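Asks: Each chain is listed here by its residues.
Number of protein chains: 6
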Amino acid sequence: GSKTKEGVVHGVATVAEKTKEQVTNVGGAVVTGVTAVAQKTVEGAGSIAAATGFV
Amino acid sequence: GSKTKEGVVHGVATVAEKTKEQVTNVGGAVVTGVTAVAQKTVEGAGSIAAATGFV
Amino acid sequence: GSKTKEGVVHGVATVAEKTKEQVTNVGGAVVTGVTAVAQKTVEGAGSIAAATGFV
Amino acid sequence: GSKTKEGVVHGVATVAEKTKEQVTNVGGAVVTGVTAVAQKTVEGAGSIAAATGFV
Amino acid sequence: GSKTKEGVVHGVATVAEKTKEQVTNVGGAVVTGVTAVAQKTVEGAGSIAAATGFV
Amino acid sequence: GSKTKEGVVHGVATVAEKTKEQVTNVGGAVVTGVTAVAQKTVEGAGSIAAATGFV
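Those sequence lines, one after another, are chains E, B, F, D, A and C. Letter by letter, the first sequence follows residues 41 to 95 of PDB author numbering. Letter by letter, the second sequence follows residues 41 to 95 of PDB author numbering. Letter by letter, the third sequence follows residues 41 to 95 of PDB author numbering. Letter by letter, the fourth sequence follows residues 41 to 95 of PDB author numbering. Letter by letter, the fifth sequence follows residues 41 to 95 of PDB author numbering. Letter by letter, the sixth sequence follows residues 41 to 95 of PDB author numbering.
Keep in mind that the hints are not guaranteed to be accurate.
You can't tell identical chains apart in this list, so a pair holds if it fits in one copy or across any two.
What the hints assert, rightly or not - With a straight-line cut-off of 25 angstroms between C-alpha atoms, the simulated DSS-like cross-links for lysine-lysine are:
(1) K43 - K60
(2) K60 - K45
(3) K60 - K80
Note that these hints are calculated values from the structure, not bench results.
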């Protein structure tokens, strides 16, 4: 290709004003606050923000 | 290709004013706050924000 | 192709003013707040915001 | 007062995608692109985006 | 006062993607691109983005 | 006062992607690109981005 983008994040502005933020976890899984993330996978399973409790 | 975009996020502005934010989890799975995420997968299963309790 | 977009999010503005936000989970799965997400999968099962309780 | 706002701009998200922008002026006045501006004046004349040709 | 804001700008997100930007001026006045500006004046004339050609 | 803000800019995110930017001036006045500016004046005339051609 000549100009190609695959799995790209660009030109982003983010403001997050939070007075109080609190995360409590007991024996589980928590994913929080994922921002401006990019991935490319070939021949594989790709998961960005994947929470799983048990197996 | 000449100009190609696949799995792309661009030109985004986000403002999040929160006075209080609270996440409580007991033996589960929680995904929260995913923003401006891009992925491309070839020959694989790709999940962005996938929560699962047990297996 | 010459100019092609597949699985693309662009030109987005978002404002979220919340005084209080609260998420409680007990043995389940919760996905909340997914915004400006893009994916492209070839030969695979792709799920953006997929919650599942048990298996 | 207890909680007072006078001349306030808050919680704003703006996206401006322009391929070409061009401003030509010959002996005049031009005001362009004013965004998220706040003022408070006491005992005076206050003008935000005021163009004037001659005097 | 107890909590007071006068002439305040807060919580702003801005994205400006421009491929080409061009400003030509011949003997005049040009104001361009003012963003997130705040002022407070007491006993005076306050102008944010004020262009004037001649006097 | 107890908590007071006058002429304040806070919590700002800005992205400016420009491939080409060009400003030409011949005997005039040009103001461009003012961002996140704050002022407070007592007993005086205060101008943020004020262009004037001649006098």
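Asks: Hints first: check each against the structure and report whether it holds.
Replies: Comparing the hints with the structure gives:
| no. | hint | in the structure |
| --- | --- | --- |
| 1 | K43 - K60 | between (43 angstroms within a copy, 19 angstroms between copies) |
| 2 | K60 - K45 | between (38 angstroms within a copy, 21 angstroms between copies) |
| 3 | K60 - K80 | neither (35 angstroms within a copy, 30 angstroms between copies) |
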